[PDB]
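A single protein chain has been omitted from the complex, and every remaining protein chain is retained in its original position.
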Amino acid sequence: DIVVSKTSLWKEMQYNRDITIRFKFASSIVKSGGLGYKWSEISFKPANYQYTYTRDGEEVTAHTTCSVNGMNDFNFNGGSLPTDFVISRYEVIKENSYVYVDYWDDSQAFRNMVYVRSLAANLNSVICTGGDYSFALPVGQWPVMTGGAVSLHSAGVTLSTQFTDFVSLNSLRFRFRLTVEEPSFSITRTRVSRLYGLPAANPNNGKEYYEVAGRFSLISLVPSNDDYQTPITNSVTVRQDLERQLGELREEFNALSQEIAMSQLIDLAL
Amino acid sequence: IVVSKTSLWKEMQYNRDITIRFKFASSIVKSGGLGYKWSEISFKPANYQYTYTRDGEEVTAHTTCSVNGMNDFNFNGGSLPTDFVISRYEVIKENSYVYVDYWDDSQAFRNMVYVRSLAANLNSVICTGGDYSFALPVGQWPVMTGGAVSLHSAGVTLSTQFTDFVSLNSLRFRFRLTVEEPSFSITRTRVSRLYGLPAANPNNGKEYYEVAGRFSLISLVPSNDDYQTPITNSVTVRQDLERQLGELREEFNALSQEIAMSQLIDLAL
Partner (left out) sequence: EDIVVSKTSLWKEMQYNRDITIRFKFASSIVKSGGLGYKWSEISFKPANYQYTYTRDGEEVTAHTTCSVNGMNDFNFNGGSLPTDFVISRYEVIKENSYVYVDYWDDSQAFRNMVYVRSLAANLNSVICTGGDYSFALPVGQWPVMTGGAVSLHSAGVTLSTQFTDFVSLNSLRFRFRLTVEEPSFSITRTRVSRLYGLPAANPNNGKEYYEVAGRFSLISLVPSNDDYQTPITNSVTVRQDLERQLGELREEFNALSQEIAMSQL
């Protein structure tokens, strides 16, 4: 690293570091009720991953959040009957999709990172391939989605912040252009196959994390006095409405569920 | 204007004219049972980001419209499974306040973190409620309609907007309400003219309510305007809920699946 200017209280520094970016994915999978043959959704969602890779004379504690943008809405409709398998909507990423990966590590450069300019960085290229996801039907066969794969290539880098129930981290966002790779995908036990992209079924595919190495450089505005600290940990209590709305539902449910647990019992008089 | 230039910093007073576009948001939860009972109609923070053409070029502003001190009304047309009901719905009056946080992509919000000497002149606008039909099993649907109030600037302060996508330090425009004429009512129901704005269809087809004005503040902002502040978010909060919900989704599905059988198998006569 280098120094660029110094006024008593404050300082201007250019941090230049080489990093190892390990990130992961996340997906919400909602099954629909009734018989159990219909699936509601398979969307993507922010995916936090914090690791501790061995560097030089120090073990680098980094944190990432892997987000997705502009994903595509696919679907499968194997019939209008209670028995016809269906996936109302599942997200898949293609060339028109972008992958955002926010990176933050416990080092000196993020120390009091708040104001940055002259920011750029060289990056790798990596290929994330989909695994297997089986749709366990009650009585019958189990159609499994499999395949999917695309490579990501750095487009740009920017300032962002990662919010967890535990911490808030101003970090770097590494935009990504997606390239449809080979391993194409299909659903088994179904009349669909041959089509590219990465579906949100099992994007991680057993792998503990996808990795990308690279380096950057930025000029952050940090105090001359590097014996300071910025509040980093969180304590969140947001969306009380939902908490409530949900708990209220838990109620009506339980009620009805039990409205039965007393109708599915009153009749043990025979 | 440069009130003060310094080494690395710049005490600056930004004075801009802005067009504020905002929206409303409401949670509507119907109650279980026959489907005649409506549980609640509350307000909720409402995000809206527009791109307006300023007399120089275009700008990108974002807003979050919140409500405070709303009044809880209700309607109880009977204790029977067939008597229409609305356990609770929110309606704003003179005693209610509307908060509207504003942020735009311009130079002034660039590194906004510390501000003093903040004030501004603003317009006045009238939001009128639309129509919300209460769907029913039998009979023509009772429709809530009407409602209307004007907002007049009370003050302005420092706030931060929080979306799943972004966190924005911006300005909060407090509002005093003035109960305006269009009184609201519920078709096919004992509730005739009442003044205010119920959270049924606050927007009323309109894509956004608008207000123009200008402001004057002083933002302790560094100098080299090449600098910015982390603006985009990535939220993973309330893991407990996510879990609690999913868990419920389970017990539900379980029972759901467990009944429709003893129902599509009672269909054997």
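Order as written gives the chain letters A and B; numbering starts at 1 within each chain.
Everything below uses one rule, namely that a contact is a pair of C-beta atoms (placed from the backbone, for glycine too) under 8 Å apart; a residue touches a chain by one contact, two chains touch by 3 or more.
S.K.: Touching the absent chain in the whole complex: find that residue among A:2, A:4 or A:9.
M.R.: Checking the options A:2, A:4 or A:9, the one contacting the hidden chain is A:9.
S.K.: Kindly note down the residues of chain A that lie in touch with the hidden chain.
M.R.: The missing chain touches chain A at positions 7-10, 28, 30, 32-33, 40, 43, 45, 112, 163, 168, 223, 225, 227-242, 245-246, 249-250, 252-254, 256-262, 265.
S.K.: For chain B, which residues reach the chain that was dropped from this view?
M.R.: Residue positions of chain B that touch the missing chain: 4, 6, 9, 11, 27, 29-35, 44-47, 64, 66, 81, 99, 101, 113-117, 157-164, 169-170, 172, 218, 220, 235, 237-238, 240-242, 244-246, 248-249, 251-252, 255-256, 259-260, 263.
The definition used in the following text is that only the chains that are shown with their structure count from here on.
S.K.: Taking the mean of the CA coordinates per chain, how far is chain A from chain B in Å?
M.R.: Centre separation, chain A to chain B: 27 Å.
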